[PDB]
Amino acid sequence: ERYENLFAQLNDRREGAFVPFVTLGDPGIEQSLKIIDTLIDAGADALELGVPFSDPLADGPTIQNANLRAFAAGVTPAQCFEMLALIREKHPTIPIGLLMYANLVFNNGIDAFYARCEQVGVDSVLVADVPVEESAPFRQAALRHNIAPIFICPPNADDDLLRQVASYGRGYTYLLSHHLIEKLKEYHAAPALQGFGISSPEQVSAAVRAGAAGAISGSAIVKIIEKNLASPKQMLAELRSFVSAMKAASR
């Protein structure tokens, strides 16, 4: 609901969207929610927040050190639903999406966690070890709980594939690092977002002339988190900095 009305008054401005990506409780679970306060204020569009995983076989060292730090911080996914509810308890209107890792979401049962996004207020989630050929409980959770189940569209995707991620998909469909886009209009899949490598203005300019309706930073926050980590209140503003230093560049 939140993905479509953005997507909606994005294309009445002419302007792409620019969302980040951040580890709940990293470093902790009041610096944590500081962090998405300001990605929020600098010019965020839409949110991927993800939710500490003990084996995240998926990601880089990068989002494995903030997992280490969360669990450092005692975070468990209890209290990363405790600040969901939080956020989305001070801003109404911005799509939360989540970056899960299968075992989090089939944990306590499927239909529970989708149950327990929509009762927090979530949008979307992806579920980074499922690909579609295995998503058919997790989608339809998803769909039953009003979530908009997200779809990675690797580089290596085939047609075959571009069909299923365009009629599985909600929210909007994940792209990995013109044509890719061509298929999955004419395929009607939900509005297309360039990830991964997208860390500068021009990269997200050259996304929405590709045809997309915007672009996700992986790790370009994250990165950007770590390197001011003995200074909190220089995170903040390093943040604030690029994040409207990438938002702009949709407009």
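Residue numbers count along the first chain shown, from 1. Take the two forms, superpose them, and find the largest set of C-alpha atoms that agree within 1.5 Å; that set is the rigid core. First, how it differs from the form deposited in another entry.
Of the residues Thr93, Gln119, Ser167, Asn107, exactly one exceeds or equals a 2 Å C-alpha shift between these two forms once the rigid core is aligned, and that residue is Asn107.
Once you line up the core between these two forms, the Cα of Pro56 ends up 2 Å or more from where it was.
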Second form
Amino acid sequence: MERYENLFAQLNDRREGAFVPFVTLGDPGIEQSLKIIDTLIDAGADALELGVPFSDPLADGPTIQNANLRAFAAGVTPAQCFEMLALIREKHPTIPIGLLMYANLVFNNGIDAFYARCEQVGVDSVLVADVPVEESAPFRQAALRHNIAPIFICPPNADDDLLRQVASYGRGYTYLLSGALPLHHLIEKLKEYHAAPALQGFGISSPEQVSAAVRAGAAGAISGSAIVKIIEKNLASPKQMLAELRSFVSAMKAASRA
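Can you now output the form deposited in another entry? The one shown was the form deposited in one PDB entry.
Shown below: the chain alone.
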């Protein structure tokens, strides 16, 4: 539906980088999560990265792990997540919606049925976070068949071989994480290979990291856990939670004008 392409062209109009918050769907409840997402959008978030609750405790930090636990504790299921996605899309027809999920989600229903469901509710992109590039073909092909952008991660030490693969396979945006190479170097190479615009997603904790990413040439930044941390710290006061989310998104967008 051109949602990412239109966003990045309009961000070019505004001379801004994208700010894309991550939240877990259904954290800390279905309705609070919907209102958290409305607040992020109203405060200036350019796109959304939304997680279907998963479990990766060996690797995840306490923030993301606790969010997954809060959503499961609220009884959140993939079914409810897809209904939430549909509602978000209906209220916000133009905002790019990226799903972040883990491979076992597609076991119960099958790869094509999963991507068909994404297409039906209006998702724009899907990142299956735990599938190596060597095993990505069935996901990439199913995504394209259903008009979904498959998101590929560019790791910090990617050689030109891998950069060429990431640039060619992905659509929508490139999820950049940056024997690491210089940030500006990865960005330049991805542009040389006509990759989808790069969103720096590593360690985007606060305004300084957004500004650094845009100054290095990235198209924007993805905040992997900073929004979830504000949720966790304000669980007892939804009003203060929403106010802190607004000031945070505002400060992150200010950094995106750097």
